[PDB]
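Just one chain is shown here, as structure tokens, and it is the form deposited in one PDB entry.
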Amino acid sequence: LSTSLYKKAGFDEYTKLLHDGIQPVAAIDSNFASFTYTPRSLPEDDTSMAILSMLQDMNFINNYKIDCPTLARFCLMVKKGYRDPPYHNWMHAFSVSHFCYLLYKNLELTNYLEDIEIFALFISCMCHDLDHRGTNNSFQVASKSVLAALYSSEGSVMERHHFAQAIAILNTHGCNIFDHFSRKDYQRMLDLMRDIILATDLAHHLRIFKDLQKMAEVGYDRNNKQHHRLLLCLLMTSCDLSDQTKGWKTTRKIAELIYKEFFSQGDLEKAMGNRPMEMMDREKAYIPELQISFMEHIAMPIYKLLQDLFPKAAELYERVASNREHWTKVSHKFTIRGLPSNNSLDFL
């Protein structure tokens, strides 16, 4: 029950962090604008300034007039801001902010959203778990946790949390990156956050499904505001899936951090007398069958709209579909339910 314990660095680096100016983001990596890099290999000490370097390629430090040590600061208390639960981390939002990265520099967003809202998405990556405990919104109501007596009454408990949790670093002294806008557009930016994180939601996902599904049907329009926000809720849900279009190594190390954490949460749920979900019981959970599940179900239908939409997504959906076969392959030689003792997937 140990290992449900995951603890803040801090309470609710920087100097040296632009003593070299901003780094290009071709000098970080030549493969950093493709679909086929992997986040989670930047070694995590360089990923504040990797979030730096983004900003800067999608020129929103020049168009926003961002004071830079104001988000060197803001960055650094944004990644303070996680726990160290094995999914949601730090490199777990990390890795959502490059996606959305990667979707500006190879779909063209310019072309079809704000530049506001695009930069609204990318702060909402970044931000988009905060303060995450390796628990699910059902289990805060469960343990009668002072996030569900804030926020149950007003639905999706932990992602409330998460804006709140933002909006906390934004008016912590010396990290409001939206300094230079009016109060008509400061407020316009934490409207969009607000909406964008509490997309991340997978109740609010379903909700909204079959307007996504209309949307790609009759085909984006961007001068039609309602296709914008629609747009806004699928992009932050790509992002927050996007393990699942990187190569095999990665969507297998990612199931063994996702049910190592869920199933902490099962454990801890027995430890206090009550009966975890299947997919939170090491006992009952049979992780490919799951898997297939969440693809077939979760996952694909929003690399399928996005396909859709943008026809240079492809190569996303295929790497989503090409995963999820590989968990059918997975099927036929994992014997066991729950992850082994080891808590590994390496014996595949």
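Take the two forms, superpose them, and find the largest set of C-alpha atoms that agree within 1.5 Å; that set is the rigid core. Numbering follows the first chain given and starts at 1. Compared with the form deposited in another entry:
- A displacement of 2 angstroms or greater separates the C-alpha positions of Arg337 between these two forms, with the rigid core held in common.
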Second form
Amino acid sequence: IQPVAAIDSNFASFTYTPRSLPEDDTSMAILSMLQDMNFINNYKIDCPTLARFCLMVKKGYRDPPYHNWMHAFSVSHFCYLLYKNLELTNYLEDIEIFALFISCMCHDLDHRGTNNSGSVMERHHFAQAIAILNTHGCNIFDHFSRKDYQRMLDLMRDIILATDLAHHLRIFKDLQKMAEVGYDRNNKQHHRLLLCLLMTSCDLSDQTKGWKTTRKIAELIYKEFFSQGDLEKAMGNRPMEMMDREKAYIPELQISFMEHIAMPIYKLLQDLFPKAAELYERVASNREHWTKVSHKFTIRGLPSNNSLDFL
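Having seen the form deposited in one PDB entry, could you give me the form deposited in another entry?
No partners, no molecules, just the chain.
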């Protein structure tokens, strides 16, 4: 197990882009992150069991454009960053933080590049995580107490279910209440709410990097959406505007996504942790950048085709 400093000198920084790491080194980096957060020694995890677990999780992702292993790795890496930079041990229990990180690895297992059209996919993701744990040689919790095994499973379920946007919108009022009155380490409701907020923060973490990352991730997202839309047209159904490559206008859809979903998540994170202010400011800056390049979705000159036949 590599020390985390040897992977990259900037590995624990919010400026690091985990998609820069070759896919063949990501399994080792997972182990290095668990080592550096001290969960392997804390919970006495068998290293071979953990290695096999991590490879099975990786293997359980398919290869659609966005919802693949590198997404899961990136999300997991952001959880690590929150641990390292926001001092999560002052707010949550070690078992809750451990659950969040394992959930990050597992939260989109067996995604097909298609959406829920509750929480159909998120329940499947959890069921896949459970099936991996009950595979021979992969149960990283098989030495946990009956109390702790149960808690771990309940946490993973709650945290993975919190990645459904529908869940986040139900609890949004509660998150705002918590942010304004202030976090209370003795309130078990606040722990639940904070774990949901942190999970969604990890899931959308590509929005906190530079322009190069948001642009590429947007491309991959729309590639998935339009594939789904193509399939829905082939079956005789009528896809949503954002799934239809002939009707979707990307700048409007991105700016909506960023104003209405991403920015309020990181605004809430900022209100609870002042050291997350740079995260919110990067998301806001990335949204400004989407507005600046909007004009480029009007074809100037002739299309690359070099033809006007498309009229």
